[PDB]
Amino acid sequence: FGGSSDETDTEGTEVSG
Amino acid sequence: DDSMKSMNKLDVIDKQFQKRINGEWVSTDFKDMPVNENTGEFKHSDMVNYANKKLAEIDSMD
Amino acid sequence: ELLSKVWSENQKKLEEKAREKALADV
Amino acid sequence: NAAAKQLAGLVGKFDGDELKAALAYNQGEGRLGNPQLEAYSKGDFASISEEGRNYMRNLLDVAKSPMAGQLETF
Numbered sequence: 034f035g036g037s038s039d040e041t042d043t044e045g046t047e048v049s050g
Numbered sequence: 375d376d377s378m379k380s381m382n383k384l385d386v387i388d389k390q391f392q393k394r395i396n397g398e399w400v401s402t403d404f405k406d407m408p409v410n411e412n413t414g415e416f417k418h419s420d421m422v423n424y425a426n427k428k429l430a431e432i433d434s435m436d
Numbered sequence: 686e687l688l689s690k691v692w693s694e695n696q697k698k699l700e701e702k703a704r705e706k707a708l709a710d711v
Numbered sequence: 084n085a086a087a088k089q090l091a092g093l094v095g096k097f098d099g100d101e102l103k104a105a106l107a108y109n110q111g112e113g114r115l116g117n118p119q120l121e122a123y124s125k126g127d128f129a130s131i132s133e134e135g136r137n138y139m140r141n142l143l144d145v146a147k148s149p150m151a152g153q154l155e156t157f
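Residue numbers (the deposited numbering), protein chains in the order written: chain B, 34 to 50; chain O, 375 to 436; chain N, 686 to 711; chain K, 84 to 157.
Keep in mind that the hints were calculated from the coordinates and are not lab data.
Fair warning: there could be bad hints in the mix.
Cut-off 25 Å, straight-line C-alpha distance, at most; resulting in silico cross-link-like pairs (DMTMM-like, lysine to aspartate or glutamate) [what the hints assert, rightly or not]:
(1) O:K428 with O:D376
(2) O:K389 with O:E431
(3) K:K125 with O:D406
(4) K:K125 with O:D403
(5) O:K405 with K:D127
(6) O:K393 with B:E44
(7) K:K147 with O:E398
Calculated Cβ distances over 12 Å to all of chain N for the following chain O residues [said to hold, decoys possible]:
(8) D376
(9) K393
(10) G397
(11) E398
(12) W399
(13) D403
(14) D406
(15) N423
(16) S434
Heads up, the beta-carbon is just placed ideally off N, CA and C, and yes, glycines get one too.
With these hints in hand, go ahead and build the complete structure from the sequences.
So this is what it looks like as structure tokens:
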């Protein structure tokens, strides 16, 4: 419809500390 | 004392695994984990602890 | 038996040091 | 012929890994060899001596090894 889905970004692992 | 040491040593093991995931080679053997004088000596059990706690944490994340 | 012996030695010494530290904090 | 026999023994003793055999042949074994062979065994090419690492590198093409890619990336 009107909305266009954003194409995927590669998933990475992050931790605050 | 074990809970404090385990918190520190799972912290450092998480650091090593995050280094491994980025691609750089890390040994990821308990003997060559860096001891921080808050960690104490590395047994083999904390590798298992880190894996299990990490899996449970990944499940817990929303 | 031998394995239990080495474990008991290490556990006793570590437990003593931990109790000393915890009482010192308290 | 004798050197070929030694190299065949090393290559077989290290499964089919010709690079570890070349490391064992160049660096010897026991006095400074086995620590470097174990370092090879756990990846850990940093622990391997510089001359042995270069020797393995110049043998990369002719030698077949499971560790060839890891040495290439190193």
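For each hint, the structure was consulted:
1. Between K428 (chain O) and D376 (chain O) the CA atoms are separated by roughly 18 Å; this keeps the pair inside 25 Å, and the hint holds.
2. This hinted pair checks out: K389 (chain O) and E431 (chain O) have alpha carbons roughly 15 Å apart, not beyond 25 Å.
3. For the proposed pair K125 (chain K) and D406 (chain O), the alpha carbon gap of about 11 Å is at most 25 Å, so the pair holds.
4. At most 25 Å may separate the alpha-carbon atoms for a hinted pair to count; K125 (chain K) and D403 (chain O) meet this at roughly 10 Å.
5. For the hint linking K405 (chain O) to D127 (chain K), the alpha-carbon distance of about 14 Å falls within 25 Å, and the restraint holds.
6. Annotation: proposed proximity of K393 (chain O) to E44 (chain B) holds, straight-line Cα distance about 16 Å (limit 25 Å).
7. About 24 Å separates the Cα atoms of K147 (chain K) and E398 (chain O), which keeps this hinted pair within 25 Å; it holds.
8. Taking the minimum C-beta to C-beta distance to chain N, about 8 Å, the non-interface status of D376 (chain O) is violated against the 12 Å cut.
9. Residue placement check: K393 (chain O) keeps its beta carbon more than 12 Å from all beta carbons of chain N (closest about 30 Å).
10. Every C-beta of chain N lies more than 12 Å from that of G397 (chain O), the closest at about 37 Å, which supports listing it as non-interface.
11. At roughly 34 Å, the least C-beta separation between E398 (chain O) and chain N is larger than 12 Å, which holds for a residue marked as non-interface.
12. With a closest Cβ-Cβ approach of about 32 Å to chain N, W399 (chain O) is found to remain outside the 12 Å limit, as its non-interface label requires.
13. Every beta carbon of chain N lies more than 12 Å from that of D403 (chain O), the smallest distance being close to 21 Å; the non-interface claim holds.
14. The beta carbon of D406 (chain O) is kept farther than 12 Å from every beta carbon of chain N, the shortest such distance being approximately 21 Å.
15. With a least CB separation of 17 Å from chain N, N423 (chain O) remains clear of the 12 Å interface cut-off, as annotated.
16. No beta-carbon of chain N comes within 12 Å of the beta-carbon of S434 (chain O); the shortest separation is about 30 Å.
This entry does not satisfy hint 8, going by the numbered hints stated previously; all others are met.
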